[PDB]
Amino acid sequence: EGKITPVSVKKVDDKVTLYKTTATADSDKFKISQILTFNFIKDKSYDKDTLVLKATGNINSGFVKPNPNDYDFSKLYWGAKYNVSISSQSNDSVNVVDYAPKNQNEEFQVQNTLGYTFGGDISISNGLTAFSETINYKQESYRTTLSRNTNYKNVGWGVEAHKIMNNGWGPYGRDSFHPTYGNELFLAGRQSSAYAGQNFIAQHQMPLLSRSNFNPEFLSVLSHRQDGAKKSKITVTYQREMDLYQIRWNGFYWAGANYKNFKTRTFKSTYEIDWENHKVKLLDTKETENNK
């Protein structure tokens, strides 16, 4: 649910003209916000139309504090993985040809630059030409990977909990397990004389992505062959995988357990891209939930 700005035009040379329009689709319910900036590149010196889509906005973590009154057993929910997916849904003349990030990245701050050269050349470089754009996002303790289903009409990224330190302990992940103490990701003490609900580490000691939100910045380059239909369908999906982290006192020690993707909240928008008129039109929005 949102709006689409009118097209701004920027004549570069006499060969290239840049067209820009921003679409916003939100899920108040899941606290997910999609800001999609479509940069159309018309270059008379190249036999393909180029679309540089910058996806930004917000994806809440879905974090839920533990009940401080839980005595021997307690749990919390945390934002363990953020997935953003872009899919060319129709028109065989359109393909996903490039994107940023283009490779796995576990740096605390992901910064890339995507440049388009008169003639059609797309160059992606580390850090912050007829057109240029940048992606910049913080993901401390997490890792960005390219989704497995990435192909000639699809691109996706996953920003997942990777190396999380408790204090000096760790690093821990969604999968870590001590033969005795289980997953110790957010366990404050193995022998704490405390309520279960009060034996997790403080929220400020957890990664910002696990208990706050993720502000995505991703770029995808769609290419149109200049033959066949002038419009094509595209879907953009922002999603969070929430893990159920729980601790329990067995009379001797505390042990943790992390249920991977125990709750899922997904927001998908579908747009019709008009390559001739450099406009986009919202066709559909869909909120979906998964609860184990």
The other form holds:
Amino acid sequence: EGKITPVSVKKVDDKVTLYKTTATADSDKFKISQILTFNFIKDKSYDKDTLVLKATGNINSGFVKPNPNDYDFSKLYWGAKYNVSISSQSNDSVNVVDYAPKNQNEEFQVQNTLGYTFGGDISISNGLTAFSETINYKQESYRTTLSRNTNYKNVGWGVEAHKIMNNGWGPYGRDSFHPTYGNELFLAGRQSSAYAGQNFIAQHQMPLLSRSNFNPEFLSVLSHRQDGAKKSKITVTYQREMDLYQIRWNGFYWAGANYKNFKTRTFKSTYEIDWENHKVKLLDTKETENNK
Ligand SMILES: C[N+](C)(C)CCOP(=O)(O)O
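Other form of same protein, the form solved in complex with phosphocholine, not the form deposited without phosphocholine:
What follows is the entire complex, opening with the chain shown before.
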């Protein structure tokens, strides 16, 4: 649910003209917000039309705190992985050619610059030309990877829990497991004389992405061959994988268990890109849930 701004035009040289329009689609229910800025680059010195899409917005973590009254067993849900996907769903003249980030990255702050040079050259550099854009996001304790299904018409990224320190313990991940204590990701004490509901570390000691939200900044470059249809379809998906983290007292010690992607919340928008008129039109939005 949202709006699409009118198109703004910026004539660079006599060769290049930039056109921009921003679309916003939201899921109030899942607390996901997609802000999509389509930058069309018309370059007379290049035999292809270029589109630089910047995807920003918000994806809530889906965090659910534990019931403090839980005595011997308790659980909480946390935002373990954020997935953003872009797909060219029609028109064989259109392909996904470049993107940022373009490689795995576990730095606390991801910063990249994408530049377009007169003549068609796309360059991506680390840190913050006829056109330029940047991506900047914080992902402390998490790691960004390029989705396995990335190909000539598809690009995706995953921002997943990676190296999470408890106090000085760790690092722990979605898969860590101690032969005795299980996954200790958010376990406060192995022998705590406490209610289970009160034996997790505090929210402020957990990564911001795990208990708050993720503010994505991703860039995808689509190329149009200048032959065939002027319009094409594109889908943009924002998703969170929520893990069920639970702790239990067995009479002797505390042990933890993390169920990976136990709950999934997904928001997908479908737009029709009009490469001739530098506009986009919302065709559909779809909210989908998975609950194991
Ligand atoms: C914090 N931890 C539960 C992951 C490791 C053990 O801590 P502790 O029970 O020795 O205080």
